[PDB]
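J.: Chain by chain, the residues:
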Amino acid sequence: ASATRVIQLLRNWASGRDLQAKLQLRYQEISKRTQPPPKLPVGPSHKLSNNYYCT
Amino acid sequence: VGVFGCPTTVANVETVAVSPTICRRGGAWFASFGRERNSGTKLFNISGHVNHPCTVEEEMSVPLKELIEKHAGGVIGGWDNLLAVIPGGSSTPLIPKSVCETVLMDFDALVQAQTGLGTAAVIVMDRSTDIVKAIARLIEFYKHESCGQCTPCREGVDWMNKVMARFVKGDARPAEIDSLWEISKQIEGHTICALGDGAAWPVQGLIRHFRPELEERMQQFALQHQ
Ligand code: SF4
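Going line by line, the protein sequences match chains 1r and 1F. First residue of the first sequence: 1, per PDB author numbering; consecutive thereafter. First residue of the second sequence: 213, per PDB author numbering; consecutive thereafter.
This list has only true hints and no planted wrong ones.
In silico BS3-like pairs for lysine-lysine, Cα to Cα no more than 30 Å straight-line:
| id | chain 1 | residue 1 | chain 2 | residue 2 |
| --- | --- | --- | --- | --- |
| 1 | 1F | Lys355 | 1r | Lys47 |
| 2 | 1F | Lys345 | 1r | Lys47 |
| 3 | 1F | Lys397 | 1r | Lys47 |
| 4 | 1F | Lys254 | 1F | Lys309 |
| 5 | 1F | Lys374 | 1F | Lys397 |
| 6 | 1r | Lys47 | 1F | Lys374 |
| 7 | 1F | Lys381 | 1F | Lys397 |
| 8 | 1F | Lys309 | 1F | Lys277 |
| 9 | 1F | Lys254 | 1F | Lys282 |
| 10 | 1F | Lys355 | 1F | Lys381 |
| 11 | 1F | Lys309 | 1F | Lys374 |
| 12 | 1F | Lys309 | 1F | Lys282 |
| 13 | 1r | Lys47 | 1F | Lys381 |
| 14 | 1F | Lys374 | 1r | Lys39 |
| 15 | 1F | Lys254 | 1F | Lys345 |
| 16 | 1F | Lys345 | 1F | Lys355 |
| 17 | 1r | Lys39 | 1F | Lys381 |
| 18 | 1F | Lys381 | 1F | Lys309 |
The hints are simulated quantities; they were obtained by calculation from the structure and are not laboratory data.
Based on the sequences and whatever the hints tell you, model everything.
T.: This is the structure we're talking about:
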């Protein structure tokens with residue numbers, strides 16, 4: 001990330017591609033492991049009227 | 213069959229005790245009074261929010277206004293206070309002030325009025341009387357009076373009692389009135405006897421006649437019991 005500038009320009013040149021733009025491993029780009037409580041939606045039949053299962 | 217498996221003519225006392233006059237005078241006497249089919253004379257039991265609640269023999273196909281004016285001095289607070297009337301009886305749905313005026317209590321005219329002749333046990337609720345509360349005792353009266361043999365009535369009125377208890381209090385959502393509509397028709401025509409259907413008509417009539425008032429009371433509950 002860690003890796004200094006001297007190692008960086010070696011790996012950019014040897015690959016020929018800017019690897020520091022995106023890494024193959026994540027330092028801090030992830031969702032926080034615990035999440036705030038969710039609220040699940042409802043569907044087309046969570047009604048009390050004209051939802052007779054026969055039709 | 214019947215009592216002890218015997219032929220048994222069940223006739224209402226009013227029909228029994230009027231049968232004399234139709235045998236002493238003839239069918240011309242009976243049929244002359246009253247409309248087509250609906251003819252003769254019946255005990256119109258005027259009560260509720262009426263100045264002089266009483267039981268009077270009365271002609272049918274009679275306008276509601278002079279029914280309470282001539283025989284009782286009027287309805288408490290006049291017609292404007294009169295919010296609705298149950299003209300026929302419990303099994304006869306209540307109808308709004310915009311409809312009462314001079315509807316005729318002949319069976320055909322109650323049918324077009326989405327009600328029935330019942331027993332002409334006409335009672336009135338004023339504006340001060342909450343219609344949701346007015347039948348609140350009526351619907352629970354039906355629950356207190358049910359043999360409970362058939363499933364639609366045994367599970368119906370009590371379930372109707374609880375869902376309307378949160379209705380008159382207002383602890384419901386606008387859809388709940390539609391569900392009350394659905395199960396009311398569900399028990400209609402599905403009970404062994406006419407108690408369920410007799411209990412269906414009052415609540416059924418209220419829904420399609422004072423629905424905005426039913427939707428009025430619930431957010432009144434929501435604003436203060438938030
Ligand atoms: S509708 Fe009549 S028969 Fe059916 S449970 Fe009620 S009282 Fe009994």
